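Chemist: In case you want the letters, here they are:
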Amino acid sequence: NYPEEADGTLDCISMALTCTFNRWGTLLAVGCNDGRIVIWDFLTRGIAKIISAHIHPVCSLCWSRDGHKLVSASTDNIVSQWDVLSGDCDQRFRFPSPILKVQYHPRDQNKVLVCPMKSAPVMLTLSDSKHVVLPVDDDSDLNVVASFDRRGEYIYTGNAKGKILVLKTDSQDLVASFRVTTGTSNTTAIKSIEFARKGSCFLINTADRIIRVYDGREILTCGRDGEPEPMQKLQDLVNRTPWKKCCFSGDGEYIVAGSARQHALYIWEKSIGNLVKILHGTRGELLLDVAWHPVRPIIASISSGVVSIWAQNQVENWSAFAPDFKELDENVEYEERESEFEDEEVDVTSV
Amino acid sequence: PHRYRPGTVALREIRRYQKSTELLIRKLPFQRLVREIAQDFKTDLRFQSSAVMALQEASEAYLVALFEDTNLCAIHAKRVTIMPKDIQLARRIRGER
Amino acid sequence: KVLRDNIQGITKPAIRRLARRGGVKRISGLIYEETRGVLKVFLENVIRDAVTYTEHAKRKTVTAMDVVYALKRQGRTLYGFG
DNA sequence: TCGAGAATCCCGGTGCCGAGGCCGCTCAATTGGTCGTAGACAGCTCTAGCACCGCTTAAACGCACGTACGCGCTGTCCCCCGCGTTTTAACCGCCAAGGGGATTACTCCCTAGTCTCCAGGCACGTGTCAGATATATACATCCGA
DNA sequence: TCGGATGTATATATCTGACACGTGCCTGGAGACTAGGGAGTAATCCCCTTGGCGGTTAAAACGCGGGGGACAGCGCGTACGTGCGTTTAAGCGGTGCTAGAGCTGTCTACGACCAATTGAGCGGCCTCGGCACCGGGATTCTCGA
Numbered sequence: 012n013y014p015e016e017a018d019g020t021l022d023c024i025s026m027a028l029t030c031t032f033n034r035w036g037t038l039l040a041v042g043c044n045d046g047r048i049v050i051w052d053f054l055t056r057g058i059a060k061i062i063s064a065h066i067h068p069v070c071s072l073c074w075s076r077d078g079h080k081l082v083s084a085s086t087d088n089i090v091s092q093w094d095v096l097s098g099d100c101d102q103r104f105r106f107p108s109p110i111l112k113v114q115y116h117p118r119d120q121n122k123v124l125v126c127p128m129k130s131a132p133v134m135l136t137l138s139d140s141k142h143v144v145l146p147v148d149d150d151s152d153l154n155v156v157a158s159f160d161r162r163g164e165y166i167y168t169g170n171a172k173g174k175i176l177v178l179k180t181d182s183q184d185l186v187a188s189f190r191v192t193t194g195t196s197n198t199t200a201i202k203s204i205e206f207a208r209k210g211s212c213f214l215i216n217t218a219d220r221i222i223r224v225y226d227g228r229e230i231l232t233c234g235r236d237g238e239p240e241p242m243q244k245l246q247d248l249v250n251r252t253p254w255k256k257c258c259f260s261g262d263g264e265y266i267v268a269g270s271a272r273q274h275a276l277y278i279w280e281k282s283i284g285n286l287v288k289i290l291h292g293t294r295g296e297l298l299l300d301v302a303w304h305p306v307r308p309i310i311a312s313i314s315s316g317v318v319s320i321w322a323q324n325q326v327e328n329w330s331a332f333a334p335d336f337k338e339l340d341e342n343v344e345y346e347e348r349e350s351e352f371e372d373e374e375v376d377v378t379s380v
Numbered sequence: 039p040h041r042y043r044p045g046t047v048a049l050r051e052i053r054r055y056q057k058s059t060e061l062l063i064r065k066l067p068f069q070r071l072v073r074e075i076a077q078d079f080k081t082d083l084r085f086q087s088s089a090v091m092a093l094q095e096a097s098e099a100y101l102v103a104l105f106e107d108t109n110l111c112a113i114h115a116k117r118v119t120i121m122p123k124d125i126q127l128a129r130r131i132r133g134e135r
Numbered sequence: 021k022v023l024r025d026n027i028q029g030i031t032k033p034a035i036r037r038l039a040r041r042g043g044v045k046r047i048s049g050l051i052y053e054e055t056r057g058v059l060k061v062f063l064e065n066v067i068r069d070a071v072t073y074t075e076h077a078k079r080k081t082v083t084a085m086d087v088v089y090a091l092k093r094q095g096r097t098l099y100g101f102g
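Residue numbers (UniProt numbering), protein chains in the order written: chain A, 12 to 352, 371 to 380; chain B, 39 to 135; chain C, 21 to 102.
Hints were generated in silico from the structure; no laboratory data involved.
There may be inaccurate statements among the hints.
[As the list claims (entries may be wrong)] Under the rule of at most 30 angstroms between Cα atoms (straight-line distance), these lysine-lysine pairs were calculated in the DSBU-like manner:
#	chain 1	residue 1	chain 2	residue 2
1	B	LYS65	C	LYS21
2	C	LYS60	B	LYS57
3	C	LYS45	A	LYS244
4	C	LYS60	B	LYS123
5	B	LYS80	C	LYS60
6	B	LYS80	C	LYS80
7	B	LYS65	A	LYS172
8	B	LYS116	C	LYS45
9	A	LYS244	B	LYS123
10	C	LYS60	B	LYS65
11	C	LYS80	A	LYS172
12	C	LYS92	B	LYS57
13	A	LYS141	A	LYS80
14	B	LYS116	C	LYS32
15	B	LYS65	C	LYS78
[Unchecked claim] Listed below are several chain C residues computed to face chain A (Cβ distance under 7 angstroms; list not exhaustive):
#	residue
16	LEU23
17	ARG24
18	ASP25
[What the hints assert, rightly or not] Over the 10 angstroms line for every Cβ pair with chain C, so calculated as not near, a few chain A residues:
#	residue
19	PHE32
20	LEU72
21	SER188
22	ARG228
23	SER330
Backbone N, C-alpha and C fix where the C-beta goes; we use that ideal spot for every residue, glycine too.
Please work from the sequences and hints to get the whole structure.
Modeler: Here's what the structure looks like:
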């Protein structure tokens with residue numbers, strides 16, 4: 012459940028940059044400094060497939076709605092739809108050469124949203140080379156992180172000034188917009204926008220090293236220009252601990268976040284959100300990437316090619332090996348007795 | 039590679055801070071603290087700036103007197119370093135608590 | 021517009037400079053949250069009394085004279101504000 | 001881990017002086033009335049407190065690092081405690097004696113209160129030099145060999 | 001002990017905006033007059049403070065032995081200063097604006113004040129029982145084995 016101890020690693024491929032699990036969590040693609048298409052198996056802990064693609068560090072990767080098509084983003088604006096059968100290029104044209112995010116629509120692998128570094132997020136079709144630019148109010152930030160929701164309804168576009176702007180995936184409907192300040196001095200640079208797997212409880216990373224949990228249902232309840240309070244504020248207590256990456260569990264129940272300083276990582280929940288365990292590590296290691304598995308407590312931790320994995324909370328006991336053995340906790344004195352001395374044709378292939 | 043021995047810079051700090059007379063706390067965080075703990079007894083209050091200055095003066099003088107008596111206690115216990123039990127002893131003997 | 025913090029806004033080196041004006045050579049590490057607690061416990065009483073004067077006077081702003089009278093009741097009298 | 005034994009802790013009989021209660025009575029608190037005014041309240045103005053914004057840099061913050069001291073340990077030594085024996089004055093009951101402090105009656109002169117008058121203090125409008133601030137520069141001191 | 005490396009007073013030049021100084025003018029202080037009531041002052045008495053005399057004993061004073069606290073030297077490894085380089089939010093300007101403090105005008109309900117009774121609280125006098133006090137026996141913590 013919550014993974015605890017060392018568990019080793021699979022450091023078979025160096026220079027690792029990013030990592031992504033498929034729709035079922037069961038595959039893995041790692042673009043590296045050269046940006047190859049490297050695939051693994053998980054129960055074997057073995058390599059499935061290696062395909063060389065380019066020379067550049069391929070930053071953004073995403074699977075498909077069936078878990079069978081892919082997408083890439085190197086330094087040279089190479090934004091094609093890719094495949095898991097052959098993996099071949101389809102589209103390539105000009106973008107600004109730092110590229111942050113591409114993102115399929117979660118109900119259509121035609122609609123894709125390209126987010127450059129210092130440009131507006133641009134929504135592309137994958138039927139052809141069409142592109143739709145979403146509106147920006149500020150045009151002074153030029154840093155408006157955007158994302159589809161889990162379903163496919165809206166796009167949540169938030170600037171570097173803490174201002175929320177919600178757009179509809181085809182008609183840019185501002186059904187909700189707000190701004191957040193806490194311990195009120197000023198607003199905060201929005202670090203990231205997140206989404207869970209079960210429902211709409213989500214969170215926002217902010218540059219005050221404080222993580223605030225939200226829910227789109229009450230956001231739509233207030234609609235535009237309400238005051239949505241956070242469900243839960245998450246932060247570090249003793250120190251600053253600036254953050255590089257945060258993630259949910261495989262349903263959005265645990266929330267484990269990766270620091271950018273120490274290689275010693277912190278685990279929370281959603282409902283309680285308690286710091287249940289500090290997963291430590293070597294101090295002389297730079298954490299670079301974190302990934303989580305849905306039905307297994309996998310922590311894919313890229314630290315400069317070193318991809319180390321901590322996966323536990325399964326502690327073996329008896330009464331499964333020997334069910335006669337009844338493991339008492341303390342001394343159980345008792346007497347078990349108050350006096351110490371049909372032809373159902375059951376289907377065997379019922380699928 | 040020139041480094042002083044420990045304590046000398048502390049002594050010249052003591053000299054020049056006992057020489058000078060000014061405020062020692064930035065005014066905006068103290069002001070926000072005052073408004074914060076003022077919020078609870080009544081909402082929507084306003085402040086002349088002179089009142090905030092007066093609060094800053096009185097609190098700073100009180101803390102300085104507390105540190106002087108604490109330092110006397112720590113010297114009596116044959117140490118150089120100050121401990122929170124010495125602070126507790128000073129507030130015990132003074133009769134505030 | 022709701023404030024909820026800046027008790028931590030009192031920095032660490034400010035308390036160091038107050039100790040230096042106090043005549044202190046060597047400080048432990050455990051002193052700081054003790055000192056913040058002592059400071060807040062001090063301020064609460066004066067704020068209660070100044071609010072009580074203002075509420076009796078039927079106004080909304082807080083003047084300096086109210087602070088002066090609230091200090092005057094404590095035995096700690098301040099000169100220089102009227 | 002044990003018995004001897006020296007303070008303690010209920011239990012019971014005696015008696016006694018101080019709460020408690022009762023009574024008898026003067027003074028003050030209540031009723032009923034008027035009347036002059038502090039303040040209750042409405043209305044107008046205008047000024048500081050708040051809000052926002054842009055630019056800067058002083059100031060906070062993290063991090064090694066190297067060192068010095070707060071605490072523990074161990075030996076010492078002597079002086080403050082527990083006890084016995086002897087003096088002495090605190091105490092208690094008692095006696096006498098006399099100064100001073102409540103006490104009332106009786107003038108009286110000293111301050112509240114009124115009215116008239118008129119100038120010392122106060123808001124306002126000036127100028128201008130004491131000190132802030134910048135700049136070079138002897139020199140006093142501290143750590144290391 | 002000397003030698004360099006410093007932070008530190010020390011001399012000088014320039015602006016400037018608080019401080020010192022004239023100005024009109026008024027509202028509050030001075031000058032006379034009047035009462036009536038607070039307070040000064042002369043008896044006075046009786047009580048409560050001072051002073052003294054024997055008894056007795058319980059407590060203070062004085063030795064004595066000793067063993068447990070004060071205390072001083074050593075040893076460590078721990079926590080906290082010093083210096084440097086890297087972020088950020090205090091601070092300093094400019095603008096708006098507006099609730100709210102502050103001054104003015106009007107009246108009226110509400111406390112000051114003056115006889116008048118009456119009952120309610122205050123001084124005086126019993127008394128009888130809760131507690132003082134003493135004997136006596138059960139209990140129990142301490143300290144050498």
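Chemist: State the violated hints by number, sorted upward, taking the hints as numbered earlier in the document.
Modeler: Violated hints: 3, 9, 11; rest satisfied.
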